[PDB]
Amino acid sequence: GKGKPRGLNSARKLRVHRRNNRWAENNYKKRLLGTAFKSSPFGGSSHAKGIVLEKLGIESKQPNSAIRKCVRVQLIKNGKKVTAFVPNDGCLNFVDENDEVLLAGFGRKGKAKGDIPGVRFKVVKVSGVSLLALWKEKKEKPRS
Amino acid sequence: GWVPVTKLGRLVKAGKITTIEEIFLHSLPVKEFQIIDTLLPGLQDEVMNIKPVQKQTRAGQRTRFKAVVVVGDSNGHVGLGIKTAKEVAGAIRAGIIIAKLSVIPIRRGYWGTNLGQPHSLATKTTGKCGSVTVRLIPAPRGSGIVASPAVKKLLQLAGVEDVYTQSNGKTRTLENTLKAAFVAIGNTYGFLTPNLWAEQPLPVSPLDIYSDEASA
Amino acid sequence: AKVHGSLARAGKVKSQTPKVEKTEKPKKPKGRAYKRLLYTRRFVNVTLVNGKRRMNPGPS
Amino acid sequence: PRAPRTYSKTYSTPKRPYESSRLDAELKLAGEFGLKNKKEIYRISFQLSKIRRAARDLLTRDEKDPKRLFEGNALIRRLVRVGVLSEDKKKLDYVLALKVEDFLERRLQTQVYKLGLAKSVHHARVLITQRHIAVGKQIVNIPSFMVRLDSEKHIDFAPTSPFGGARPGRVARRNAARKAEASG
Amino acid sequence: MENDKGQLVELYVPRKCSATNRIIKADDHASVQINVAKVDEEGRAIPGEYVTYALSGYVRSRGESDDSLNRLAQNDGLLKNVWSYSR
RNA sequence: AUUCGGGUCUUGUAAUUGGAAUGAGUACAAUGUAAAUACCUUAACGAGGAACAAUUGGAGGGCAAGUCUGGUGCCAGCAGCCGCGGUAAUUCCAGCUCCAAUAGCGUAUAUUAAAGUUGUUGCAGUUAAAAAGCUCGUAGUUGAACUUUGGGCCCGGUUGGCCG
RNA sequence: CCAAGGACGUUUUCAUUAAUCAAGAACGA
RNA sequence: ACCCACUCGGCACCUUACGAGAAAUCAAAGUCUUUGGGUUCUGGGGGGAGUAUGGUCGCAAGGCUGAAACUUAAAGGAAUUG
RNA sequence: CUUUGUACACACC
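Protein chains in written order, with the authors' numbering: chain c, 2 to 145; chain R, 34 to 249; chain g, 2 to 61; chain W, 2 to 185; chain a, 1 to 87.
Keep in mind that the hints are not guaranteed to be accurate.
From chain g, some residues computed to sit far from chain c (all C-beta separations above 10 Å) [unchecked claim]: (1) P30; (2) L38; (3) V45; (4) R55; (5) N57.
Here are the simulated distance ranges between beta carbons [as the list claims (entries may be wrong)]: (6) W/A55 <-> R/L225: 33 to 39 Å; (7) R/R91 <-> a/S61: 42 to 48 Å; (8) W/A26 <-> R/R91: 51 to 57 Å; (9) W/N38 <-> g/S16: 37 to 43 Å; (10) a/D67 <-> R/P85: 51 to 57 Å; (11) R/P85 <-> g/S16: 40 to 46 Å; (12) c/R109 <-> W/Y8: 53 to 59 Å; (13) a/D67 <-> R/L225: 21 to 27 Å; (14) R/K119 <-> c/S40: 56 to 62 Å; (15) R/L225 <-> c/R13: 52 to 58 Å; (16) g/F44 <-> W/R54: 30 to 36 Å.
No lab work stands behind these hints: they were computed from the structure.
Cβ atoms here follow ideal geometry from the backbone N, Cα and C, with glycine treated the same way.
Let the hints inform the model, and build the full structure from the sequences given.
Below you can see the structure in the form of structure tokens.
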């Protein structure tokens, strides 16, 4: 009779089986355990501000030979270390030292983006000015 | 010139059968394409995709192109052909030829109240090819053919204005979903409906009646 | 792993590119007039219809 | 803590962004009837989708249903009042057979074109928006007006405008001043 | 079938099998049309006068074409004691 | 129907030229308002381009639109995915051109559809993930057929139907 | 030697005593 | 005890495919988009990992239940040509 | 050259 019970008074069995098999998915368990609240670096938020600690020259994965020009920052609200990839060409000259940066995700819902290993975040704004306006010379970086 | 070799081809060359409906009425095997584009001059062709197929040998990889062609006129008659060939233009050429030999009719019906001309299918129907199942459901007027654009092209070449489609399986395989859709539109004339419950006097074959304009 | 690298090479091609100034063009009609321009130069000006209505060709 | 205003969205984007057939058809329609975006086509198709959903929900119930009779007679009365539906197509299923071109044919743009005052849809647009058009005795400057199958006998140029009297015009007065000082 | 007022529609009203009373599809290439000539009082058949029996591909493929042909031949009277209702 | 001559009527293109039409923006006044600010009216002023000048994202595929030009040469970088770049880059950096939405357009995060990848409708378990080693067995779920049927006699409603 | 079991045969008897089974229990190279 | 014919109940074997399947194949793995006879259990891409911890049984070895952080764009099944 | 096995496909280096 195709597995599951089909009786008119068997709704409880279907409900408890659906709960137990709902725990087998990935997004439902991630939501209900509060893993975004607990173990995420951002704490479940879309963006996060941070203080840049240093610069890294992260290699690109195989097959690709490049250096990805990332930075290591520390988040203000939690205080954990986070590697973020400075997006465009020549923008590493804008994010030098102890800057106040805004980080977002990559669009891979917390997974590594491309050939860059072990990063999850990109720098959006530095010192209150966006990197795209600085790259296109629309605005110009403030004092400190 | 044609010079057919079939009794059916000779009779349609003579002009004895003036419409294609006797062929499906008496289930005659359509055997040469010139019968089809003599009896149905209004059909157009479209080629959906050309995919390279590879046969690997000891010395390189032999390349051919598989071309699928859907032909048909926009009231009733649909054909589907699939042909692989070493040259691409021969692949569309043999594709339109094979699609001409596979012409089938469509049970077009009404979703409700039978007011005007038939716009949709008479019944729900399905087709399965490989892992792909395609289900067609009658739809109200002006709903359009809600379908992926390949099978949407197929049923707008068929003559349906509106239909609901459902799919299951690996529908990205284009040949399997086009063949499943062809089976689904072929099964419309397989279903027995209460308007067909009446008995018929079993008409005599044109292959027998006009047998002295035949091959012999 | 390869975490370090030559950070002095950043912005190489962006700096090495030659400055080319954007030429002065007459102003395109806008809004409804732009759609009028696209409609006229796609259908009644059907001039580039080479094999299958090719509208952005290369110089050949 | 006052009672909130109700508002709604009037358009709806299609599911597939980029396909050649739909883009071709809608830019053909926009060039034909003189629209400025695809948002007009989206709005009219949204209205037609609402109308078709209402007709489809009414047709599922049987005939002689009081709800079907009342709302169906109201809907065909409204659509034949506007002019999007002919007076002989009054069977609630030709409502399902409508197209967006019948809606697009009843705008004030194309009505000004069909009345012969403009000689183009774009001249109709710049005539309507520049307030030289009165549907009754009332000035309208909006092309998506949906005239009501009676008002087109009264569509004429504005009384308080050039091409309707009572003043020559702004730059006509400017040029009159120029030839007046040229006379002096 | 019909629409509202006349104008016969449904091109190609299909034939139906004389054994299982199912319709015969357009590409049912195993279906056959048995034509039996009838005799008028002289031992000789008349050209053009037939009785006609259509058999679908399914009943023919199962091997049950001959028993069904026995049944419809004995039902029309041209056969006498080959097929029995009681099996 | 007079050689390829004028072409009436056309549909677009111009380092071609004309008169018109109008609002954004000021503003006397009136209206508005508790008083104002705006709105709707309206004297007067207020388009010809270098003006009163529209962005955002992209052009290998998915997925609409470049084998065009110059630079870099597995570097810089691009890329949600596949992938591009190692001196002939349709993918990077720019110009030209084109494309899509448009006073809006992109990015991140969450969620919904797509998802018949939560499956009541509606999944799957031989070999792809998955039949508990087998049996007994409580709760739970499910459980053979059978008991008034048929026949008549009236009454009055709705859809019809010639009669209109 | 001891009890058990299937199938068959049956115009023998009971009368729905049943199917699958969380917990639990027996057996298990 | 054989033989013939039958029937019931078994372990099976051989041929086809109306049907199923992705195929190998299947009288069940059929009567499943024309989707519901009743019921028990299990699974939701691949590793980490049947690992850690917490319980529980065992003299012990171990047995049962059993994650997460993180990491990856494929692992995998059946067939065809070399 | 057939059959057989493969987790080989830049193919047993």
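Hint by hint, here is what the structure shows:
Taking the minimum C-beta to C-beta distance to chain c, about 27 Å, the non-interface status of g/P30 holds against the 10 Å cut. In this structure g/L38 is separated from chain c by more than 10 Å, as the shortest Cβ-Cβ distance comes to about 28 Å. Under the 10 Å C-beta cut-off, the non-interface status given to g/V45 relative to chain c holds; the minimum distance is some 39 Å. With a least CB separation of 33 Å from chain c, g/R55 remains clear of the 10 Å interface cut-off, as annotated.
Even its closest Cβ contact with chain c, about 26 Å, leaves g/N57 beyond 10 Å, as expected for a residue assigned away from the interface. A beta carbon spacing of about 36 Å between W/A55 and R/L225 agrees with the range 33 to 39 Å that was offered as a hint. Evaluation of the 42 to 48 Å hint for R/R91 and a/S61 yields a pass: the beta carbon distance comes to about 44 Å. Our hint of 51 to 57 Å for W/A26 and R/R91 holds, since their Cβ atoms are close to 52 Å apart.
Separated by about 41 Å at the C-beta atoms, W/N38 and g/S16 satisfy the suggested range of 37 to 43 Å. Hint check: a/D67 to R/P85, Cβ distance near 52 Å, so the stated range 51 to 57 Å holds. Range check, R/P85 to g/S16: Cβ separation about 44 Å, and the 40 to 46 Å hint holds. Separated by about 36 Å at the C-beta atoms, c/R109 and W/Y8 break the suggested range of 53 to 59 Å.
Checked against the hint of 21 to 27 Å, the pair a/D67 and R/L225 passes, with Cβ atoms roughly 23 Å apart. Between R/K119 and c/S40 the beta carbon distance is about 59 Å. The supplied range of 56 to 62 Å therefore holds. Checked against the given bound of 52 to 58 Å, the beta carbons of R/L225 and c/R13, roughly 43 Å apart, lie outside it. Checked against the hint of 30 to 36 Å, the pair g/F44 and W/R54 passes, with Cβ atoms roughly 33 Å apart.
Hints 12 and 15 from the list above are not met by this structure, while the remaining hints are.
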